[PDB]
Structures are given as structure tokens and as C-alpha cells.
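J.: For chain U, the structure is supplied; the task is to place chains S and X on it using the hints.
Single-letter residue listing:
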Amino acid sequence: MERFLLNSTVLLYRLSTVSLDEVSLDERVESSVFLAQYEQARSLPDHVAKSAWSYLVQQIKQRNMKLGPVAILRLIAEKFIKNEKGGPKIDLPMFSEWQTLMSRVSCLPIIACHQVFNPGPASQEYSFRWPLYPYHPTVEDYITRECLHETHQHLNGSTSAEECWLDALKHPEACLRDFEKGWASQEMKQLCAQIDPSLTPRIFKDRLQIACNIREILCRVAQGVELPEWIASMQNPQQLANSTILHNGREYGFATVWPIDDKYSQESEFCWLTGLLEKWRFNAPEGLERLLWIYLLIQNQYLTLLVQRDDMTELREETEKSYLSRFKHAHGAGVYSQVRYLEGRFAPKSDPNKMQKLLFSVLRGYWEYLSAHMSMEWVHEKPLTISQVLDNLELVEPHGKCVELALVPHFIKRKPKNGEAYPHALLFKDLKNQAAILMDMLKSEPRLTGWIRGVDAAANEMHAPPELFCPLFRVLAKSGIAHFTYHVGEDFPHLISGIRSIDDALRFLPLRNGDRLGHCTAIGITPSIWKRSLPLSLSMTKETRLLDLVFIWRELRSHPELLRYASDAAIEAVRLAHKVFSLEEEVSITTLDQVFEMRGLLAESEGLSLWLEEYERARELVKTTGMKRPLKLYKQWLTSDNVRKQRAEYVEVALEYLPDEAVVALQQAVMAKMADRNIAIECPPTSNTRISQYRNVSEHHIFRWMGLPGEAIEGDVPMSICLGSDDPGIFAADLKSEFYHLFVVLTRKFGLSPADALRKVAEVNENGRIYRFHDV
Amino acid sequence: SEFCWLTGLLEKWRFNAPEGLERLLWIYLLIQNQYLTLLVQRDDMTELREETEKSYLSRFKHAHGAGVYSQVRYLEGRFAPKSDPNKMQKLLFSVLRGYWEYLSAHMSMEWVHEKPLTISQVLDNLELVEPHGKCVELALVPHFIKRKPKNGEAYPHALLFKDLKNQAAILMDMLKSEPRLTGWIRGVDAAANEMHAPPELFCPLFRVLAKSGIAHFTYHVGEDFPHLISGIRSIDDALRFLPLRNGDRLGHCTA
Amino acid sequence: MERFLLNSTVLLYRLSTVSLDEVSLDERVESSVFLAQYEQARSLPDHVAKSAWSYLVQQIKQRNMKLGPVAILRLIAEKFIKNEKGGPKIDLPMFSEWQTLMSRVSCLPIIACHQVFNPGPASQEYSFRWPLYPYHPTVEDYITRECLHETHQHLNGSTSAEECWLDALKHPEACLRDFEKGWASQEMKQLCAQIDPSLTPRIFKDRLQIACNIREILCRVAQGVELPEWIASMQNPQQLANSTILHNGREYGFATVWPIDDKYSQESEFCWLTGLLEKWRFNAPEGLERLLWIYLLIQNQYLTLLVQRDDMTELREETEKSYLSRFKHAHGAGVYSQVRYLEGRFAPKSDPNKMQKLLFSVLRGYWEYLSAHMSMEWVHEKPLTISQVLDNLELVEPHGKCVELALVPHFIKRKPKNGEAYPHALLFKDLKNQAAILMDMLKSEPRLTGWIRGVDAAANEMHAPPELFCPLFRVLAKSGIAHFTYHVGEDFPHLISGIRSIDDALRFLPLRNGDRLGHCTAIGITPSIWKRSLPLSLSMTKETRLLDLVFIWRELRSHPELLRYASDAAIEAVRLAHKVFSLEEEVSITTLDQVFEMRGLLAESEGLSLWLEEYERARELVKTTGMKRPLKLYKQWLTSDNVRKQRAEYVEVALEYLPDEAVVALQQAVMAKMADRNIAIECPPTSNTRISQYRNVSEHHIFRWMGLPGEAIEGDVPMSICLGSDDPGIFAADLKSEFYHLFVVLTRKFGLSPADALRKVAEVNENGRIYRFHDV
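Residue numbers (the numbering used here), protein chains in the order written: chain U, 121 to 896; chain S, 4 to 258; chain X, 121 to 896.
For reference, chain U alone in the conformation it holds in the complex:
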């Protein structure tokens, strides 16, 4: 119940409109919390909710304390954070709920309260730079001897999600520019409405301006300096939404002296927060306390909006410090790094000059960290260009104990735009330029191929089918990239279709041995847990439906017991082929497989340098071999207006079209093909509840992949799974935090011994090293 007093939109609204002149808020805060609980956790019964709230009220009462943000922080601090060997750590039994709590509330206010109200032993120096971890000897030594490995680690943004809020305070005006740009589309309009339906761009600037000005006020309190005596002129928090105050009709700003030069840094915040709570150890004024409550509500609300929004001015905020800070953050505390092989996903750009700036800035950041850590003679003291960075980077020897980097651009997809005879045409011409821009950069300086080791495509699956990238990835292959990871988008309209998309990537795309497939939730989720909280009937596009049935018949024709579904799949598929292709003559199910087997051919080669070499590469195979009707259908399948009209139409598909065993049969059938190619699979963080079908982490599909007998199914051919922290869904995240999360749930929920619990997860961690993209 503590989270609902720190991250709640409705409670924020009521406090913001209440002036400070009256502090009769005991009933107002209570009623909003119940509503706030109602809009976050619907299923929680009311009788339990009222019972839990009453305990918290008396828990504050028996503490000779008043209800406030300081009061909430205290009960949270003594509940979750306990001092241990490495300073302040987290209780192992209570770590599962802590990760859920970080999905709603930031950790910096919480750590400040614990340090002030329960300091670390011997007053030893402690500065917050990493998220809190629970200490376990079994796993800690594994970190010491074998560093962690990270695969899906994006570079845009910052080290974590919280300090981006600090970067938001750096340029509040720039925040509107990016907020307005997204808000123009209706997709972001509903996304913001989901968190705050009463949200407008002007209101957003108010809260950002309100939060900054509250921070200035409370920083004055922490400084020990007397307030500027405009407190009598201040009664409404809304007065802080314009960065100006009046005193007898006089213009007075909010500027104040900071002994810490970088007032917009995480170090400044923790230093400010600790001093604030120390001065409020026994009693705090009601007026000042509510300002702290508002600031906490603003910070937790914006970050709640930010994590959803992530899945111009902000891009060019610093562009070099974040890259350096990321590697220092990824290194971890201590002399020796906790991460050995860390590969990054950087956003490609359509400007060749901007590309040179992007690669230089990140490579300069990588060299800066290595120079700071490893004192070793450098050819150039200041490289100032990519050529000289490679001169510095070619000197260093890989000894493992420092972070090894392998940049991998991630191609981005867009909505299927009509026209040009096939729905993904502006996409392909844009993607073709992006690849070509990287091509000339690589061929100009071949030494760059030691760091640009792979290519990724992580936007969606509905927006763009996998087979569109077959001409793209293969033409990258002739440039010496030699690694292609495909991040399948898990927004499948049907689970069978989701498995169908996985098979397309394997068969069509050039997933050579050693490559990876990220976010393979479809081939991981349990069919029994997918059906929950779903309507009796689903809906998906006819083209998806037709490709689904053909794919079903490809894997269900082999099974003797699961045969009646394949025969019915063939019967229904040809009937849809009659409706979709609008063909008059006879059509056979065998021809459908043959036609769709050709889908890996290029976009323009269906009508038939590196690209022109690839052009006739798939054109010759079409002409030489005998069949022509599959080409005629494939040509019709691509560039026929009626076919395009029919494909976009939606159809009604029963939820239980394939029974539980049959879906498992498909899920295991693709697994065998998955393991044959020896393709590793990136795993999203467990706390990332994007799918939202998992009510608790204990039923996450990663447990079934690892082979836990409580969750594994018969016929499950083992896979190889690698970890990754890409879209955590929580404000304070790190790989080591996720590593502990895997260990805690296995130790507590499953009862596995600590020695064995590490062993099962160590296999997952080491697989990132087995299938690394870094050169030997």
C-alpha cells in the first residue's frame, strides 16, 4: 500500500489543487489511495485493501510520526533495505517485491531515507551510483570469477531510467518539443491517456516546472540557509508552474546558490535528499513536507510515463557523456568489471555525416573509459576522429577484466504504408539507404568491422514481416558483418501466428550458425497461461491466417496422433486461398507451400555492386526451375490490388482453434528446428511485464526454457538462452539485479539449493559468451 502514496496520478491531482493554507488532508489522502489502488490493481478485494490501509495509518501513529513522504519512505526503508557486508543491501526474502516496487517507484528517495535513518557501519564512505542488490555469497563469487555477459543493451537514453528525469530537468523546454512531437500521433495520445487521462502538453510543462521549482525550494532547506521570505506569498503549489514569484508586486526568481556545480546530477540529488531528511529527522513543517510529496509524485509519475513511451534535443543532449557513463555504470563497483562481453544496440541514422558523429562519440566514450581504467601507453592522447580512435583501440589487448564492446545497429520498422505495389516500400528504400550508409563507412575504414559485428531489427512484427529483411541481411553478409540477430515483436494476434513468425525468421532469413533471435516469447509461453483473460474469439489479418494454416500443415502432417488438425488446416487454407487470391481455377495445398516457400525472394526481383549482384541471385532460381504458376501467384500475391485489399481484411479466428497439446506440438516442433541451427535466444528481463499475462514472476516462461521440472513439458528439446537488459520496465535496473532476480525466485519459489540454483542460471549467463558477437 506504500507504493500508492508515492506513484498515483489521482492523489497527485488532489494535492496539487489544495492550497497549503489548510492541511486537513487525512481523509483526502485515504480516499484517493483506494481509488488509486482501484485503477492499478483491480482484482484486489476491498476488504483486504481497507484492512491494509488501516494498519499503515496506525503504523505511522505508533511511530509518533505524521503522514507524509518522509513517513512513507521510513516504513519502506526499514522493510526492504538492510545493511550487509557490502554496505546497504536488500533482504533476500523481500527482493521479489522490491523489483515490482521499482516498476512504480524510484529508488533514490528510498536509499536516502535508509542511509539517514539507519546509517551504514563505521560511517564508511558510500555514494549511490548503482541500483541496490541483495547479497548472496554463492552468486557473488560467480560474479568475481566469471563476469556477466550482456547482449541486448541499448545505448540511447542513459545508464538507467531515473537520471533521464534529471536530464528532463536540464531542458524542460526541450521536453515539450519531444512530448509534442510524439503527442501529434494518436498512438501517443492514448498512451499518455492510459496513465493520466487528464493530460495536456501545457499541463506537462507545469508539472516539470513545478517539480524543478520545488527542488529549488527544498535545496534551500538542505543548504541550511533561511528561506527568501516569500513563503507568506506562497500558498498554492500552482504558483510554481511559471518559475516566477511575486512579493509586494516585485519580480523575484527561483535561482539559488549550489555548492555542487552540477545541480542536475544524481550525486547532487542524493546529497540534497540526505540533508533534507536529516533536518526532518524528528519533525517537519506541514507546508514544506507536501512540496516533497508533490516532487516525489511528479518524479514517479513521469518515469511511469517514460517507460511506456520508450516502447532531437534529447538525442543531442550530451551524446558523449552518456556513452562514457554507460560503460562506467556497466563496469560496476570495484577494480574489476562485473561485465565481460557487452554489446550495444545503437540507433542508425539516415545522415552519413551524422553517422560519423555517432560512431565517433561512442567509440570516444569507450576509449575514455579504457584509458581511465587501464593505464597503458596510447598512440594518440586525443584522437578527435574515428581513424585515430581505432589507432588507440587497436593497441589494447583483450584480458577480459574490462568491458568488451561490439556495436550492433538495430534497424527500425514503421507502419505498412500503402502504395508502390507492396506495403513495405518506403520502409525498404529507407532501410536500404541506412544499410548503404553503413556500407561506405565500413569499406572506407575496414578496421571498423571489429566493432560493428552484427545487425538487428527491433521494432515490431506486424509492421514488417521477417522475409522483407532477407535481401537486407544477405547484402550485409557480403560486407563481412557475419552476425544477424532478429528481435521478433511479440504482439502476435494469435499464439499460433506467433510461432509461425518464428519459423519464417529461421527458414527465410540467413540465420547462420552462432546468430541469435531475441524476444522469442511466442515459442516460450505456455498455451494454458496465454488463454487466460482473453475473449472467446480473436481476430487477425487474412494474410496472417493463410500463412498460419500453411505453416500448421507443415509441422502437423508429420504427427500421427495430431493429424486431423493438419488435414483440416489444408482444407481451410485452400478455401481461404480461393477467397484471398480470388482465383477461379483449381488450387492445391501443395502449391500454397511452394508459393510461400518463395517468400524469401527480393521485393523487386519478383518482377525479374552488392545490390545488383543480389538482384539476379534470386531471379535466376525463379526462371531456371520449371514451375511458373507459383511465380504467377507470387507476382499476384505481391502486386495485385485485389489481393492487397483482401490481405488487409480481418477474419474471425477461434481462440481454441488448436487444442493445448496441438499448440505445444507446434511449440516443440519449431524448437527442434531452433536447436538444430544452434541459434541462441535473448531473454527479456523477467520484471518486464510488457505481455502482462504473467501475474507473477514465478510463472515466467524463462523457467520452462531452463528445464525446471515444475514448468518443463514433455518433448521440450533443450535450447540455449542468453540474458539481456533491454526494456526492463523498471526505473532502476541492471543486469546484476536481474541475475539476482533469477537466483532469488529459483531459491525461494522453487526451493532449489543455492549451489544448484546458480548452476541453472550460470548456463544462461555463459550462453551469452558462447554466442558472443565479439571477434576472437
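Don't read these hints as lab results, they were simulated from the structure. Heads up, none of these hints are tricks.
Simulated crosslink set (PhoX-like; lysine-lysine; CA at most 20 Å straight-line): (1) X:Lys552 x X:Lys469; (2) S:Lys137 x U:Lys521; (3) S:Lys214 x U:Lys199.
In silico contact screen, one side only, chain U against chain S (beta carbon under 10 Å); selected entries: (4) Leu212; (5) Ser243; (6) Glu245; (7) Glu260; (8) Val455.
C-beta: ideal position from N, C-alpha, C; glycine also.
T.: Relative to chain U, chains S and X alone:
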């Protein structure tokens, strides 16, 4: 010298030895063997003050073994805290001084102070040392001791606990004076017996040390329990009462 | 079927005599190939062979090429080699078949062909120095983590067999005189007639001279320069055996100046081949192309002869470059070595000055290898002597990243020379001379024992009894060698005899804990494979039979089920003993047991400084217990002319003398003895096709040791198994290939998971360093 003296001596008596001289060597071995029999049996002032700093160096060399690389990587050598604050400070310096010179011969790198002669300069030389896995990592752990229960004073251990309360302050104030020693003073132990005092006696002593930055606590469960069922309860007392976190150790859990 | 089309003696003979004027050789190349297909592989049906030839021709017509190496190399290169991240890598499915091909055809033309037609991506530079390996991320990770461990690497010769061709070209007469001197032996006469009956010393010189002249004339074509017009007389290729053409009384020397300074390196030849094939992408002239076809034929013929022959000035042509190249090749194409603990065996030489230079040269080359890789201040810059090299190498610590070395001399033996109290007498004095030479050099420099660690005896088995090395090894033990390995020869007339030979080595030789054994094929092979294609009766010396029969009785008296064979052994032994010993008064089986137990005693000492110390030791132990019946018999068993004639007689023993389980019981008895003594088994290379009993590598006996179900019979005792790339049987050899060759079979031929297969071979690789002779 003893080995060199004996090897040359045994060569001279390869075929025969004079009867009187041979018996003297026989007598010498019995005296040495009997003394060593008593010495190791004592456990179950001037002895350690011959040089008090060179013997600690010799311990690491013996622990290191032959070859360039030591066969033991981690080594936490327990030592007895001293009731004199100055004497303990000199005792702690000698162990660290002996440790650094062992690194000096083994390592090949610069030193901040060529002649440390004090704990402050030793720590400066020691912080520059990075353990690469071949040398011996050292972590001093003072181990306490007990005696028979002191009759009276409202409970059996009030005069005994007073010395332990003093000894912790002897360790603590020096630790507070030089907080840089936290990385080498890591654990606290108490290895005398069980009948001397129950394990819960150290609960206040461990908690104050824990909150003052020791960060580790090992307890030596002595195996002199009057009955086997009694010995199990002594282990239960340590677990239920002592503040043992996840990563603490127990010695001789034979019971 | 391309193997027969690039290595076939009859085709090369027919191409040599037939002039360059004919263009249609299909009527003869087809007849020659089918004939050559017979003798090389006489186990293929004619119709299948006939169909394969037609398909090969039909595939050429598909690519409208002309029948020749440019056509043949294209098909082979595209079928096997695939471009990958590290360059050209063999396909995993085709690796097993590739290794069989490698035993007969060099990969240098194949890799050169692939580089020309489908080169490396992004114009990345590919330097051809190492043989191709298949790429698997699982195995690659482990080998980079824990480097490969090698045990049996012969220092003599160059890195691989391919450049011994290059040396042979560089030494037209030195390799001729080595062949000419070896031609006198009748054994070499049979071997040379085996590969080709028309092989005479003159014929050998003609073909080498032909290859030298063909290489130069094609080099001129490769460089682009026009031909020097002497081709007017170029009709019969046989003219190329005179080093000078005749054209209007003009002497034309075929030698031309190469652009590269050295004309006898792999890079020199590979770059030449790429230039040659590049100009012949479309078509080639028949006269020049046939010259290339001819050139490949002598190369393939001689390389097949060289590797089969293994069943001086040339060795010491450089004596510092060859070993450095050997160390460089063993290091691998990387900064850190692929092979950590490499044991370089070398042949000891009786001449002190000759071998003193050799020992310094290999140490200097090893030191030169470390200096090139690792840089620091050395004790001396130009050692020029054995003492300064050792002082230089004392500074280098074992770091693992480079190659660690430990020389182990392997004694070479001769045929048994009758006389002087024992049949191997002139040998023993030569070996005693060799040991004394080795001992005094250890006195010259005590540090030599740091690198001189083991002693080996690898020539054969039937010639030298294993007990003969008891006095040789023991004196070396007191000399501070501190390790010994015995390499039993696999020429055992009977499988039971092979078991006895390993038993004799364990009993008598001072093989203490940690010592190794080599080529222990006798115990590994199952009886079913051994009897394949053997005659129903086998012949062996009466000396061997008596030793085996008593051995059978010693290890079968315990087993209740196979008890009659133990009794049959005793009765047959005493019956045979009366024939051999020619004794009137009967001899018990127990008396025979003690007679053969005294085989360890020195023959000279039994007939009666360190040599006299051991001489009296055998005499002393004899007189401690007064048996006086066996000792008198043993004296007769060694120094009786009538007995020595009887022991040399051959006796016919049935092939199935003992049942399959009886041999199994005998084997597991030895498997028990190796467990107690903890003796390793450095297995010979898996591609070494010399046992000729396995129809494929799938039936290699090593898998029985590994414990795979379906190959490990019940009752077997686990061993410790090392690896050695000593006698690969293939052209381009490395331990890296062997590790992948084993990995492929378990993953593919045995259906094991990649995680499982790596673990089993990791246990084998680890044993290569658990029992390594390198000092701690």
C-alpha cells in the same frame, strides 16, 4: 642449519657409528620428539616475541610454497588481540609489515614507501597492490578467548565480559583512528571452549562490532560438550542468538 | 568421386605420355578414372561409380566449362568451403567427408579456388597459412577459454605435409638421395610399388623435375607476361624432365624470376595459384590446363606417398625457421596460442655435435618465437649457445597465452641383430650410446631437465620387446629425466598378443604414477572389428605364443565362467615349453610364470657409474632369493642357440583361438591395471586411416573408451586419454582439426547435444594437461 648438519652427519655413520655417540643422537631425538609431543598437546609471552615481525613473514613463505605462484590464494590468518592498545598496534603492524615484504620479493613493482615502519605507510603500499590470483590474499581476524566463570557479580561472566568489552574497544579505537584497516580486519572469532561461556554471551559484542564496520563474524564452536545432545543445543544457541548473516562461518561443528 | 580425378597414378601416366595436341581425353580420362577407382577404393559397385562419373560430367555441362582442374576445383570448393566470420570454414556436415579427402588431395588448390571465385566479404585480406577448420560457437568458446593441450608432436620436419612438397622442390637432389638411399630397402620397394608399380628412382626424379618446370611456366602465365615463344616445341609434356627445351638449337631455362623473394612458401604458392585461376575464370587453353592437371597429379601422388612412407640436410635446411614456423603454426592465427601445453618430440642423435646444435636450434627457435610475441628486456639478445638460451628463457614465466614446450626424445631402433646373449644386441649398445650422449648434456647444463622431461620409444613392437627398455629407462630415471612414455607398436600378430604387449609394459617398465602410454589400440579395439577380413588362421613366433599363453593363464584363472581357457592356456604352455626349452624333466606352469617374470632383469646382468650400479642391482635381487630353477631356465631362454632358433620359429594359431568375451575379459583385466597405476593413453589421430579395420571413423575405438552407449561394452574401466597430432594420415594437420573431427562425430554421427559432446572431449583434452610432462 639443522638439516645441513644432520645430512652431513648421517653420511659419516653410513657403515657404523661409535656406540656412545650413537646413543647420544638417539637421546636427542627422544628429547625433541617428547617436547614436540607436549607442545602440540598444550593447546588441547616470549614465545612469540623472538622477533615478532620476521616470524609472520616466514608464515607466508611457508604458506606460499615453492614455485613462482603460491599454492594458496585466500588466507585469513587469525591472531590473538592484545590487552595493551600499544602492543596490539605493534602486533598488527608486524603482520602487515611481514605481509608487504613477502609481496616485495614476489611482486615486481614500485612502492610508495621503501621503508614503511608504520601502519599508515604500510596501507599506502598495500592499497597499490592488486591481487591477480597468484599471490596470497590476507584478511586478519582477531579471535577472542574465555576462562572459567567468575563467581559473583550478579552473573557468572561480568568480570570476564569486562575484559572482552575492553578488548573490543582496543580493536575498535585503533580501527576508528585508521579506517583504512577495514579491508584487512574483516572477522571476529572466539575460540576457547564451550563450558567456559555460552555462545550467546557474545551477542552484544558482535552487534556492536557489526554496526562499527567489522563486516564478518566467525564463531568457533568448541567440541567439549558434556553430552552429544548438549552439543547440538550449543550450535542452536549460536544460530538463534548470534547475529550471523548470510556468509558467516562456524568452526568445528562436530556435534 | 572427385577424389579419383585429382589423385590417380594411371591418369597422370596417361596424361604424361599423351601429347598436348589431343583435346578430347574423355574416352581416356573416363577409362583411367574407373581403373584408378578400382585399386584405390575396391569396395564400390561399378554402376554407382559409373553413375557418379556421368553426374560429374553432366554438372560440368550445366556450367558449360571444360573437363579439367578449373572445373574440378570449382565443384569441390563450393561444395565444402563456406565463407564465415574467420574466413573460409568447412561446413559442419561435410567436415567428416572432408578429412577423408584430405588424406589423398591437398587443400591448397581447393582453398585457392574458393578464394578466387567467392572471396572473403568486404575485400578483407585472407592470408593462407593454416588449414581450414569448421566453425562451431560452442567449441570455439571452450578452446579460446582453455587452450588446446597437445602431447605427441614430432619436431622433425616442417609444420605440415604440404610444404614438404615445397622443400622437395627446393631440394630436388636432397629429397632424391633420401629416396634413392631408401629405395635400396626391399620394404620401401614394396611400398613404392604399392602406390604405383612404375616408380623407379629415375621416374621419381623425372616427375619432380616436371613439377618444377611446370610450376615456372604456369608462373609466367600467372604474372601476365606473354609466353616466351619456345612453346613451338611444346607438344609432349614428357619434355619437361630436362630443365631446357630445344628450339632451333636454343637453350631455354624454364626458371623465371618470381616477384616474391622466396618461391617456396605457402603464401608464395597460394598467391601464384590465385593469379593462375583468376585468369582462367572463363576458359583455359588445353595445353596449359593439362600442365596444371599434370602438376597437381605429381603433387598429390608424392603427398600420398610421403604420409604413407612414415608407416638430415633436408630437416636442417633452416633449423631455426622450421621450428619457429612449427611453433608459429601450433600457436594459431591469433594473439594468444590455441595450443597451451605442446610437447615437441624429437629424434635423439648419437653424434653429440650434431644433436647439440639441434637442441640449441629448437630452444633458440622457441626463444625466438617468444621474443616475437612477448616483448621485454632479455638477459641476452643473441644467445648463440644452449646456455644463453636457457638463461633467457628463465625470465619468461608460464603465462598460458603462448605455447609451452617440453621436449621428449623418442628412441629409434633397428632390426634384431642376433648374437651377444640377446637378439637385440647391436641395438642395445646404440641405445646405450644414445642414453650416454643425453646424460652428459644434462651434466653440461642442469637446467636442460626443465625442458627435457620424458623419454619415448616409438618405432615398432614386434622388433623390440617392451621389457628391453627396463635398464634403459631406469638409468635415465636416476639421471633426472622425471618422466617416461612408451609407444607400443600396432603390428601385433594376434589381438591377444597386443593385450600382452601392453601388459608387459605395465609390469616391467618403470611407468610410475603420471606416466603415459601411446597408441594403445590393442585394448581399445573390440574383437568384432579386429577379426574383420582376416584369414581364418594367424601366424606368430613361438616366442610370442608362449608369452601370450602364460599371460592368458595369469589373467583368466580368477574368472569362473572363462575357466577352461585358463586351464587350456596352462596345458598348451607346458606343451609348447617342452618344444621351446627342449627340457626332459617336466616343467610346471608356475615355473614358467617365474621365468617370464624375470624379463625385467637386464639380459647382460641376468647372464652374469650408473650402468654398473643397475648391473649389480639385477644381480643382487637375483641372489636375494634362491629359486635357481627359473634363473637357469631364463639363462637358457636368452643365451641358447637351439632355443634362439626355436623362439624364432612361427606357429599357426587359429583366428578365433579365444571367444569374443574371452578377449573382452583379457582387455578389461588390462583396463583394471591401468586404473590402479593411473597410466594415460595418448590416442593417435582419428583421421589416421592405418588400422584399416574400421570402415568409417564412426567405429573408431576411442568412442569405446569415452563411454558412449552402444560403443562401451559392460565391465570396462575408465581410462585417462590424451591427444596427439603425430601421425595424422592427412595432408594439412593440426590438433584443432582433431578436436573438431571428434566433435563432429559425437554431435552428428552419434546424436549428442553440442553441450554433451564438448564435455566428453573436454575431459580428453584436460587429460592432456593433467598428465602433461611440463614442470609445475
